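Only one chain is shown below, in structure tokens, and it's the form deposited without the ligand.
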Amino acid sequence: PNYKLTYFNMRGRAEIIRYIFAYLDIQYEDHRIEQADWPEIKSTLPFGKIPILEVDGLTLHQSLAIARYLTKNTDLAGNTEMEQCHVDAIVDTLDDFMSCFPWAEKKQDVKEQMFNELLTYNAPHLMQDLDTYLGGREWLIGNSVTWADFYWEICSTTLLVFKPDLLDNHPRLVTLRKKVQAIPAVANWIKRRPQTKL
């Protein structure tokens, strides 16, 4: 089909979709809107939220729903129904934590305090749980890369902006990031994508 992804000019919640299209070598329109565009665009959306992916004229929404759709019947999905469950579960665990952050908080002092508390008091527990889950394995699930590995690299990239030492006790989680970033199609996307804070 023809694909049109609509999101802000940010990695954010679209980036997982962008990595999947890159890895699979699938062409798509990467439509990046400005804030000034938002009201007009929002009025068309099913639940007033982006990203959305238009597929031959039909709208999909929810970043992870779309990610899962794009990876079905590909080597990124997980090799068994059980492993597909593990992929989903790891992704939702990461997403649950990312959703704790007050990204829309206007009071900058309150926002900063909350970010620093989450990254200092809460994040280390998740990092240890992830490290223990990965153990000595090459990838989070199965014997080959899945979109859970991609989501780890995406989420950790943003977390590292606010907490540079996040992974100083977890070299195995850094190695995993590096392994994702070394995949040629992914490396190419990372190199060429617009440089945005988030």
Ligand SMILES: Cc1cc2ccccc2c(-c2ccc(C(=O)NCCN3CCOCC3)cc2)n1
The other form holds:
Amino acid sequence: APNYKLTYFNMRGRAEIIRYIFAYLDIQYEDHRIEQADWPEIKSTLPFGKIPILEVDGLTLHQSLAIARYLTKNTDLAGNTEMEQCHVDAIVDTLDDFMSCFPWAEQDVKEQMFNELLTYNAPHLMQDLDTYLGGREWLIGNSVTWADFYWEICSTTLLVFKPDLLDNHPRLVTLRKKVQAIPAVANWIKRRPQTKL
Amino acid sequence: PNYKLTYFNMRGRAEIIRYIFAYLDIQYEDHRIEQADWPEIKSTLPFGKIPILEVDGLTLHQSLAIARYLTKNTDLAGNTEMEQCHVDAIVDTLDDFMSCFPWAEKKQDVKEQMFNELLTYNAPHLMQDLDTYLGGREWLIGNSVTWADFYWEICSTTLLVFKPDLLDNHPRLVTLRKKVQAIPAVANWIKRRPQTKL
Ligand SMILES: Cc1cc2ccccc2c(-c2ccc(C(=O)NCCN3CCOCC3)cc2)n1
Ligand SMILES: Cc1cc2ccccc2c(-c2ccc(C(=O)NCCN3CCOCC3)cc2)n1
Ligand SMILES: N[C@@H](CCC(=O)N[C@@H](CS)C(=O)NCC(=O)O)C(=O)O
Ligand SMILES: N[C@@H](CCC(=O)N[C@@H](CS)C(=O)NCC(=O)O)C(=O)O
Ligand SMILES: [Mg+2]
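Previous: the form deposited without the ligand; requested now: the form deposited with the ligand bound:
In what comes next, the whole complex appears, and the chain from above leads the way.
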């Protein structure tokens, strides 16, 4: 077991997928949460100047999904075949693309853009996901993968700004319930610092 | 496998897939659609986006998910599991930046404004970071070319159209482009491919 140190803000955000993975695999790690106020001099120290980063035995990794993928390699979270891994990867990038469209670090242009994405794109993404899932218990294959984790994670944040997101998609709510019922995840959820984002 | 790649008639987000097919000498249908046909095809797609790759009657989407799938167990994948993490990380950093550009913006003044801000204010910092990350090494990750090297060349070719002086202070990054373009399979694809601006 190597020594892990995750660095991010005190929020779920882009680090949370890494945090679910560690919790599910029961891998001990240091969950380092920096203060908004300290982000300047921290940022200048990093190779690509962004967080989260994951230090592994003195080697600094970056890019939340590159890290997530690395940590789930050779686990039951990866998806069984090379094809399934493609589906896991595609679903995760689809969710990530959409979340990336929101101007998180913007103030009056921010509200317009949020509503554009939540009123136009969101229902379309929801319908596409529901169709893609259709009937299966999990998003890829017959067991849980880190794509299901990411669905639960991204949808939790989207529901903050659009509470009715899933009112007409009970099958996508069922997937959220299934992720939250995993004892390791339920346990993390109750223990993690409560944040809006 | 019978492969059919569907995208616009441009390099764009499909080009990484095209480079991989060329390097591995794999046959595929390079299906290029017009804008006028786009409404009719869009409703058929899994998430309404292109590129998609059809494989023996099954549809894959997401260019980098597909790129990664195609390079699994080939020499374009990282040599180790951690190198594969470095490859993904570099690819996503490139894609992130490229994704900030409003490529589909129908208001040309807004588009041009956002393009100018990203190219003069943001691009130089990313070019510095990539150059520092490369250092004196031959390839971005490990001892040999990976699809991250392909994606650097693909993305920088497009960025150089709009900012020709992008790599003026980064000769080692320009040498990396030249090495990728010199790989025979890539060299011939650059000659074969339809000549488009983007
Ligand atoms: C679950 C998830 C997934 C995301 C995927 C792509 C992009 C952003 C994502 C986010 C996300 C990321 C960041 C924020 C977010 O609130 N960012 C602002 C950064 N703050 C730093 C401290 O000082 C104030 C500004 C909100 C949401 N969350
Ligand atoms: C190499 C590369 C990489 C990219 C990575 C992320 C996002 C966009 C990328 C692009 C890219 C993608 C799209 C465009 C682009 O020109 N998009 C416009 C889309 N259509 C408008 C209607 O007519 C048909 C074209 C330009 C560049 N290229
Ligand atoms: N795709 C990257 C994005 C990294 C990113 O842009 N993170 C934000 C925090 S949510 C950041 O560091 N932005 C602040 C800055 O650039 O200073 C990832 O998933 O890790
Ligand atoms: N991250 C995705 C992006 C897919 C995407 O947004 N592609 C664009 C074309 S470059 C698209 O389908 N947009 C047209 C539309 O939304 O109608 C990928 O790499 O495949
Ligand atoms: Mg991405």
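Superpose the two forms; the largest set of C-alphas matching within 1.5 Å is the rigid core. Positions refer to the first chain, counted from 1. Shifts are known only where both forms have a C-alpha.
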(message) For a quick check of understanding: after superposing on the core, name the runs of at least three residues, shared by both forms, whose CA atoms each shift 2 angstroms or more between these two forms.
(response) 108-110
